[PDB]
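Here the complex is missing a single protein chain, while all its other protein chains stay put.
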Amino acid sequence: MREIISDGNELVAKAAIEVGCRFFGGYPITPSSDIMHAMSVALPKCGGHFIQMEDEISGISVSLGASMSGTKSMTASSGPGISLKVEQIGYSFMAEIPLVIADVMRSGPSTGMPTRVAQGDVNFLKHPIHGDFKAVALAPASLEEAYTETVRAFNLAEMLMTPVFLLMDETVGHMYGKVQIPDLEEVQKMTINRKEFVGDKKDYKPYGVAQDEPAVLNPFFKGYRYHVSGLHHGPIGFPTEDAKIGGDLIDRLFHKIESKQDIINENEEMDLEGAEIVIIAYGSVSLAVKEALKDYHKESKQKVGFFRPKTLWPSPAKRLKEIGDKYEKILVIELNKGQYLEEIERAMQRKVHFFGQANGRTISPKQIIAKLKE
Amino acid sequence: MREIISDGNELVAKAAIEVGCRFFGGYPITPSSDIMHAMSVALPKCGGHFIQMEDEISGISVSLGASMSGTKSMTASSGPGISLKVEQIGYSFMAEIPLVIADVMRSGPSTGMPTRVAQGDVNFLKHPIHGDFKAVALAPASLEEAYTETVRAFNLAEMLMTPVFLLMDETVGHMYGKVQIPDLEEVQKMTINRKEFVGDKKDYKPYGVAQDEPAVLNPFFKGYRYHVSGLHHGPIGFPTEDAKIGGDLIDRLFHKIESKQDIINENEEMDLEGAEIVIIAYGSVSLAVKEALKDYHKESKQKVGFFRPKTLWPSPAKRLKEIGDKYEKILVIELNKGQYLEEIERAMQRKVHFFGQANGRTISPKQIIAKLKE
Amino acid sequence: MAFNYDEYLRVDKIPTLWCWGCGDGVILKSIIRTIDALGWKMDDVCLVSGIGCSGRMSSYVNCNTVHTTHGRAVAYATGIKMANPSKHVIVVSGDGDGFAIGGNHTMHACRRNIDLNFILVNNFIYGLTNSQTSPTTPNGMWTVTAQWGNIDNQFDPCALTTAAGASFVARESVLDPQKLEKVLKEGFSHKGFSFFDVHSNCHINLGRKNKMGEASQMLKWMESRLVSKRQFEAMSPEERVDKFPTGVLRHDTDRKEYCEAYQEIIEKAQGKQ
Amino acid sequence: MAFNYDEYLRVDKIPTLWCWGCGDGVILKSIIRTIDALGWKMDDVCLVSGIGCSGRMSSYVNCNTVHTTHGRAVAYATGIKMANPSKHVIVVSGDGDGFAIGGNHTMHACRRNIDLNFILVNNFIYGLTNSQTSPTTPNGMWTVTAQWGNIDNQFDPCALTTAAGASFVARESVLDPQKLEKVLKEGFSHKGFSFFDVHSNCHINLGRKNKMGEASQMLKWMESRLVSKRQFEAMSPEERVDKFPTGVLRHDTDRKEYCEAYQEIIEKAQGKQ
Amino acid sequence: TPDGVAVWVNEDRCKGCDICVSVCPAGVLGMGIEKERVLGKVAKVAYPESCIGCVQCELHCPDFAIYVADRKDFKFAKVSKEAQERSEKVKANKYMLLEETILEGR
Amino acid sequence: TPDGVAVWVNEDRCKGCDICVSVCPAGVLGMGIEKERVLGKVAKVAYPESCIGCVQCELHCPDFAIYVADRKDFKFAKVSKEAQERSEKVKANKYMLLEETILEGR
Amino acid sequence: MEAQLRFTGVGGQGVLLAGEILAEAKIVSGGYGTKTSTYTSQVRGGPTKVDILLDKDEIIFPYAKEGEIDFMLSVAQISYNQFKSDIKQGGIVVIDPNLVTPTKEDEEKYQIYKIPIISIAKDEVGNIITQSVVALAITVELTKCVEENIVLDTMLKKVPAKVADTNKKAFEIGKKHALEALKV
Partner (left out) sequence: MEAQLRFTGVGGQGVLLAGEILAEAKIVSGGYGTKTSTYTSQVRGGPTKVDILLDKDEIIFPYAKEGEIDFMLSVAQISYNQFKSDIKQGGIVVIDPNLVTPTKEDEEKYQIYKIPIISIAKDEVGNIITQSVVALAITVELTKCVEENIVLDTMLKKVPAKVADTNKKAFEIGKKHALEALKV
């Protein structure tokens, strides 16, 4: 169990290199530039390719084209940059091309406060593209998690064949300190690569799979020849406008993710043992919540709970429903104007309390103890 | 009350010209091209400007720049085109520039079936931009409404100083037949222009308004000199990173829309008089619902109701809550995988029935009567 | 390559779909012929193409083919070629693709000199979306969005790509396929960014309202517009109004490919740092 | 125009914010001087600028000013000018603006010949985001994302805009403000798309790691790179390596403005059809 | 490649665009009428005895429908002025085959 | 514009980039040490009597600090080789004023 | 309702362009009508069609109703094979035998008539593009929904004066062949 000294972006880059990423394309923008400055030195040493393109559209297009051919790749941006990749994110979702997109949040709407922290891309990344879409998004909450959540993001992108978002924050992104990370050899054991069909038996069927599992996309330039397009396609890849195929395609794109729900979403629950209040909150506000709950207990009463999702989308609707049916007082804390509160309220079928702040500053567990008085 | 013969796109263009639009910028894409082909002949005759740009980003940017100076303008696209304007839609929302965006829906995600009908941009247009956002979106449902909803869209964009979406569909967009439209002189009476501050008394305060009303933006080149930017700004327009101003700005951007809620959202209710079932459904599935409810009554019993929203966002949460508390069986019909069902279920705090279809085809009131049997 | 075109084709797809006389099957024939003449193996060739009516070309060939979004063919191709820097990648797009919505990507691909084989299918309008105006439509012609006469000006793709920094520029047309194949075979063997401007004919959507509705009238017009390189190089500026020189127009031989230099950065990246 | 610069300035904003010696206040001074020399009234002038470090210029002037998103200044300006086709619009952007992320908009603005006054503030990197590589950075220089030597190639904005179809092209620098103002005054009076390439100095983010950390070292380097137009026009191709000619490089006089032709389409649109 | 046939047409891939007819320097090709096909006309080889070995027809066809034999397997004809005269007479005739070409079912 | 002053420097707006110093051909400008500000160096006029009407200093000021009187209401000096020599000796002095220059507090 | 009509063809023919004239005719006559078409991404050579809904009352649902289209007129095989099933049992069908051959079971089911519309348009009248008016004549003459004089008016108010005089000649030839096709 090796332990190091770095910040969030160095850990994201180290995890990306160690899990096996060998390609990166991007366009510079703060605060998501440190990952590019790290990958540009880390990738040539291991034989990978780093390229800086002319905008964000090209940045995501070259990464999609490199991972189409069988190379593990990623990209990264922040806010106004992610707003420019949403036409290619749909191409990645429909053609089933694995890609990991790291988004480092800052204060929005358009440029706004380019040096401040926010949590405003939650409802945006719930459904960023036109048409229908099924998101997968992870939210690191410390320095140990900036590493393992990135390994998990790569594993999920290779297991589901879909674009996975990594919802980093400027706080964790720039926060510096001591970290503990797993064993390198133990990280290498747990790696999940995409599967390829060999046979003699040419592929004949990249997209002809069952209704609850992804497609098998063999690497390019190896004898297995197929078509890759962004339209409603058939078994080998040629477009169609049939109703049966066009409906079953989207049903499978949804069911291959909503059937792995027990492996996909984790979540952290603490002190839910006879508590009176629950303080559902995600992201880096978890850092303030875990200290408010550490101070408030030593002068006061009425034990307070905490339920933190580790995978935002798809949401743990059943566990939220159970917690809401069990306990009488809930409190949602966020750094926006009520974005993830709507999901917590459509689950639980009930109105709850809210404590939001969208002025570019953090919550400061003084305020949290002051709000638990109500 | 003049009556004509045309389809949805001709009516959208006629309403846009008659309410006073004098500028259009766009990029060609099906099925949202007929509006551009109509405006390109209709605008030069009245002295307006039509320009076809090199992409969709430029298409929306020139329209924003023309309406920044005091000219009523619009734009139009479809799916993969709207996915490219979401960086400038936030600039329009934050700088308070009136613009009307017509979106003609087709089958998604990417390309997909470019000749088919869908209702998949509902949850996308609920929150398309990063940061915080408050949408306004109208959904025409016939040929008489393709005209009056466009007049209303222009009036709301001038009254609220915000980007308003017009959620047209390929069905209504290409459907051809007889129409009845109001009197031209009566359309000219009801027109709402934006307000300008004259004084002698130079402007001195474009953005210094109360907390429940929009800003006053005088035309360019007239003596009133001010700054227009997309960052958190102050009274005259120069950026700031203050917490007070940056918070009150977004509070006003929300409250100027959620306080006019009685004028903003209309909705149509029929046969809610002692009914047993309610068939909430919007858009052009309303055409099938209104005929299923016309046939099913002449052999069967158990009167069925219908509640159709005419303004999707912001949603009529209070009326939905009342209807859900009153009646025991509800049924939501859509052309997607459950997009507007989530809002109907977070309101009403209750689980309801659903009937969706995302294969590129319509619902055919045969199926609706077959589903009312349950 | 010859009366046997079916080795290189997904024969189950043909007959094709274009109209009846489009100058698009001629370019496909020429591409297949020049691929065979060089001795290339279709297990090494990839063909990525944008969306439009030249985007159907990536459906009929029997290789690893890709069909991208509008204006992004060159970026996907850059990625594919960079990840496999020993195989042969060919890009095919129209004039409303990489010169209208994707002109930025084309200019930067020319600038950084990636070993691609861009091939432009130039028919002077947007054909798929029923005759809108292109950046290469001549002035005064009736288009659906300019119904009194087009007043926007024109691009010269060859001059623009030469100014950006391409290493091999060439122009030809479907009015002489042998010269087209000679140009293609000389440009494929080049080891930098090769740009081919190919004049095609759209008689159905362009010439139909400009009274060139037959294929042969459009073909004679296109022939009248095209002169050789030395013909053009000798005429006076009095005389070069709407004349286009054909042939190889630039074959820089003292240049450096992109991947050939990133390999040097790779070797001194951890060749002991 | 003179020791009284405060008629044209939002004096409450100055002192400015750039660093201590950036060549950006010099261009602002020159713009104000050439506006006064022509007799323009600030109630007719609009100044739209992109986001970056040259985007602060639209904050200090006392007119109707706009600050747009990244790479879109030219599109907003096109709209503003087309809706008010009798006033004076001026665009200011950097080299990572309209030539990296907005090169498409610049090329099409040159092509269709809209009566704008594009002014490029060229400092050879991305300054605001701390020294990333530009499409105009010379090879071999240390940048934050190329830490062994930049290997991408360069743009020539003047040659590229000439190939696109601009009507007035000119290059100058902050090393001679009188010539800068003469060029600006000759280009503002022109009635087509005027493009000005202005070489500025970024000693803080570019020269600091290339050992040009002072302002005067960067200024001497920039002076060594720049020769006159006839100097350059006489030297041999042996000798024109990294040399840039300055002055007016193109002043087409037989041309047609965009709005001047859309007015003809307007007049025959319903001048009895 | 069949024997003895210098050039032949596959009327199921012909689309009737006249471009093969317009490049023949020998008047071997002529466009025929068939009301069973959508375009109406079909290319038809009429004088395969004057077929020169220029494969212009096979190079100028968009739909892969006209084929010419292989010089290693065939002895083609030579240039004659009767053939060029006939080619011009055909071109001045909407690329269709002459009325005197029906003299024998050519 | 006060009387007699051919050039005066606003000590509150200058930032210390040495550019107006490097462009004056009469050695009139000189950079002294001032600890009250961050950069430490500040521009001060040294020989305002040898001022030439060239406004190169005001044209090379990116911070709106140095000003020059107008020709209409002032009489400027003439050119001299001692002045050019002094300008060169100032330039070779890190754009600071010479040690010799302090004889009167110039 | 009263009628569900369908006109099929192939991209670039113009036979099916005679549908919207019929809708205009029923509208000016004093009723209601509406049309919807079905196209492909292929510009020329692909199957196309239109549906038409004519009635005495308001029209709510704009789409045709599965399995009881009344009248179908087809001038191609690739589309007559596609859209063949939605006809009711005993409906009227009209084909041109030079480009369509119905199956034996379609002869069982429908009331197929055989009129070579494009040969009539080219050989007798003189223009290829008069086929729309010829199809209109046969449509109005067999189904008999709208009066013939209103159809003449609403047609001739819609085409240039270039061929307006030959348009009546085309319409008369069409009506004549339609009356002649009542061979049974």
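We call the chains A, B, C, D, E, F and G, going by the order they appear; numbering starts again at 1 in every chain.
Keep in mind that, in the parts below, contacts are C-beta pairs under 8 Å (C-beta built on N, C-alpha and C of every residue); 3 or more make two chains touch, one makes a residue touch a chain.
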Of the candidates D:204, D:206, D:226 or D:269, the residue in contact with the absent chain is D:204
Only one of A:115, A:188 or A:193 touches the unshown chain, namely A:115
Across A:80, A:246 or A:365, the one contacting the chain not displayed is A:365
Per the whole complex, from D:19, D:80 or D:158 the residue touching the absent chain is D:19
By the document's definition of touch, the residue of A:106, A:130 or A:290 touching the omitted chain is A:290
Against the hidden chain, chain A presents residues 5, 114-115, 171, 174-178, 287-288, 290-291, 294, 362, 364-366
Touch rule applied to chain D and the missing chain gives residues 17, 19-20, 127-128, 130, 204-205
Hidden partner sits against chain F at residues 15, 35-38, 40
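One rule holds in what follows: only the chains that are shown with their structure count from here on.
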Taking each chain's mean CA coordinate, chain A and chain D are separated, in whole Å, by 41
Per the C-alpha centroid definition, the whole-Å distance linking chain D and chain G comes out as 62
Residues in chain C with touches to at least two other chains are numbered 18, 20, 69, 101, 103-104, 108, 130, 135, 148, 262, 265, 269
